[PDB]
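What follows is a single chain, given as structure tokens, in the form solved without this ligand.
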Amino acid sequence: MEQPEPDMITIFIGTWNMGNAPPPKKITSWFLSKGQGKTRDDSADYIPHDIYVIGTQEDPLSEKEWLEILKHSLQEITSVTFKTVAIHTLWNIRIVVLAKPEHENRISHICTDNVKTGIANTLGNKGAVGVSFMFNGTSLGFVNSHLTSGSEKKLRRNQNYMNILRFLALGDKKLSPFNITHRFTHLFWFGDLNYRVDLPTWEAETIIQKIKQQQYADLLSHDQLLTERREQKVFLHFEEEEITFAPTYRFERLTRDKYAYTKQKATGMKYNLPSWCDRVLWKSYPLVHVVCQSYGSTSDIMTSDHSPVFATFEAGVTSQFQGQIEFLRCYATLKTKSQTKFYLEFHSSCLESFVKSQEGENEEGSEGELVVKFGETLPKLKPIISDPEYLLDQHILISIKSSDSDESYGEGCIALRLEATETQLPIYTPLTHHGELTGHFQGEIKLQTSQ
């Protein structure tokens, strides 16, 4: 019978700060998405995901021991003997990628990297590990980060984020102007991000009462990560599924009935109010299928002062295998105050190589911003394949560069998934540089396929 290539895979993301302690004997609940929150129904337990990505922090095991525990747990659940795709460890921060044996011919171009984020490196043990690879014609990226601890240190966590984003080297190195937040069709970023609930310590019993009544709304409105995301300080244009599970930190170990939030010598005389430290976020190219099917925490794995967190995703993928991409009325708006002239660069695997535009025309925006107008002067891109079943599924990455310095001042992405061809249609992408919002790009596009 026919052997189609998949257009959709399911991905499991797990993040667990193990608190430097060996795991219990049974951790199957983690991979089954069993516990609290948006959980997975019993009926699906025997259905294996295509890829399992496991991030740990404060992991005390050797790679061989953890790999053993993980494969046994997955065999218990699925019968399948998963292949190791990659495993990479920095200090006690670790990422494991496992995949169905039937996908081993579909996965290629595997890379790993890590970034240390310390004020004295050798002093702190924080940072990130990552893995990227191609699944057929889709690029995938995964980042597991352990950010700075402490309720008062949200600015340091934001800096950690920004440094991992800028310096982690994954994916297609030909995408020179782009950092990991634009190099992948799907990017998953997870870990002990260490953001806390910002409420007074003397409120701790009130917080616990709310957790016991499962009213998280008031607590989540004080979550540092959601606040900093809303204020565009971190994780620009990422998504996160609604949190519907209790805070995953800080628990008394060996039970799940006590939040150990008070100060004591072991914690440096610091409070650890209940917090959603452990998180999974994602960022996918526009108009690519991605749906979160579970996001929650386990209840029965109690060896750490964190509970494990799980999330699962359906993610759209593509495979192997005149045309013209025209831009009209295009312009960028930039927060910059540089007086340089700016040009555009277009990158895409539908192109034989990236295309460089001529410089735009500068003018002062209404609100005192810089407006760079390109008009109908932009190059007409000639894709290597004209079939609309292929071209409509592609994306064009855009970098706006200084002609004085050749550095990018902003990066974004445009989907070719259009409602019409040979027709002018509006396009838009925000622009970020080094992970911060720097402007916007808008205009019209006209796509020609073979029809």
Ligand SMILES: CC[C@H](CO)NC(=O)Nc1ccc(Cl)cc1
The other form holds:
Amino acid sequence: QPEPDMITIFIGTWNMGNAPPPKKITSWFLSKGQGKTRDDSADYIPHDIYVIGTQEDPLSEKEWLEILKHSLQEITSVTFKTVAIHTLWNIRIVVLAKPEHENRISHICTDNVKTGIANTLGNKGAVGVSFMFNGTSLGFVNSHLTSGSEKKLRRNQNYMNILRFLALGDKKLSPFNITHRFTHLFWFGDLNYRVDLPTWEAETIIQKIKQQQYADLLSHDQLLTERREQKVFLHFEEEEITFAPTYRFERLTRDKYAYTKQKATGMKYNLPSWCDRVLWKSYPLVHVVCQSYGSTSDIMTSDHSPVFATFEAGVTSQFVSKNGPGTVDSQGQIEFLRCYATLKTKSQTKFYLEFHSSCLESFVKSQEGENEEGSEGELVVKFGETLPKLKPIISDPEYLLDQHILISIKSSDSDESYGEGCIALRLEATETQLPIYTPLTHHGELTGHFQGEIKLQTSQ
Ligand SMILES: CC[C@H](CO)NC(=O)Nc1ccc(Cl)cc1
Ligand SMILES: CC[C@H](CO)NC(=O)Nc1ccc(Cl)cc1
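Let me have the form solved in complex with this ligand next, following on from the form solved without this ligand.
Below: every chain and molecule of the assembly, starting with the one above.
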């Protein structure tokens, strides 16, 4: 039985509005409704992994697991295994996988983050799950961010708290937050960004939705505008939105958007918005293709409609050679040549690098670089040809060219990371000096750049 080099992953996000679901929710898992929808000819083909995020979920874990498993069994005639379930208040994540994957899945982690302080602490935050699928690390975040059209900055703050404090994946990757720990990271939820148009334009907006004319609405979507201004979700992807706003509906129909201010809303308008989103971030040059992104039309118990997204994701096999794991493979080496970091910091400490990768027995600390002043004010940290030669555990190019090196630049004075990035070893050539590049971030914000050349020796 061969190990896969691709899997498909279903992501669902649904703010259930504190109401039980209807008896049939299969359209959700079949990616049927509005938007980029899945071909009918695929209906019986199970996804490999289903990750379900809910918000305002009124059910017990047991109640929801029974609905989800019986839903998938009806679609696929497969009895899915529960990988993980984690709930914070009424925010929940469920991961289900095909039984054939049970022995491929390991290192399962769960965590949650509560956002806000005092007043603003007590119902918003995030849950997440990570695990290994053979040689590939997968992370999943379901967040329910702060509500209200005039709170986009709070949402952006909630995002930074979640990526700083959610403790998933390999704890040995200590300089790295969740935005660097996984081959593939999926972040979804009721992100609660709104269409920023005047209240007076409500009926115009509804008109546009009925005509399926989303362009003039998407141009005011706060998540797209905040992302374009690099205020949030830096280096994440989202598929193009081609489905109607998923909030705020009158319950038991989808014919009516309920936007007017009410005591129940705190006297806030809820103009039609794309609150419910799926984004991802994968390591450079790893296959990831969105094959659906849309909303259901026939599940009407909530004031939100469910959102689905599906992905092809590249995965790698556990690799065993005669040599590694358990030793180095002397026919392998990674040389980082003529490298320099460009940092936005005003500090004047010396800096060193750390190289982290599951292709190394343990992380590697460099010597301190040489600081110079850039022409436009910047700090440039030069490493020259001084960087330690990295000794991978396995030299076989079928393994090594699929790996990645995480880089942290740390202060000698404080040992704190000033920037984190990632370099793919999927090179155009071996035994050849080739340009490399990564942006550097810290707490998910841009802090600089790392560039230089690499020379990779494999056994071929
Ligand atoms: C039982 C010991 C560990 C740690 O709790 N759990 C585990 O491996 N769970 C699991 C793996 C694969 C799949 Cl498909 C479903 C569940
Ligand atoms: C894929 C990386 C390239 C490099 O420039 N561009 C990019 O990501 N552009 C972009 C991001 C967010 C939004 Cl909202 C609109 C455009």
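Numbering follows the first chain given and starts at 1. Only residues modelled in both forms are compared. Each form is matched to the other, and the largest set of C-alpha atoms that superpose within 1.5 Å is called the rigid core.
Of the residues checked (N121, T262, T84, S221), the rigid-core alignment between the two forms shows a Cα shift of at least 2 Å for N121 alone. On a core-based overlay, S353 has a Cα shift of 0.5 Å between the two forms. Once the rigid core is matched between the two forms, the CA atom of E364 is found 1.2 Å away. Segments of 3 or more consecutive residues in which every C-alpha moves by 2 Å or more between the two forms, counting only residues present in both forms and fitting on the core, reduce to a single one: 121 to 124.
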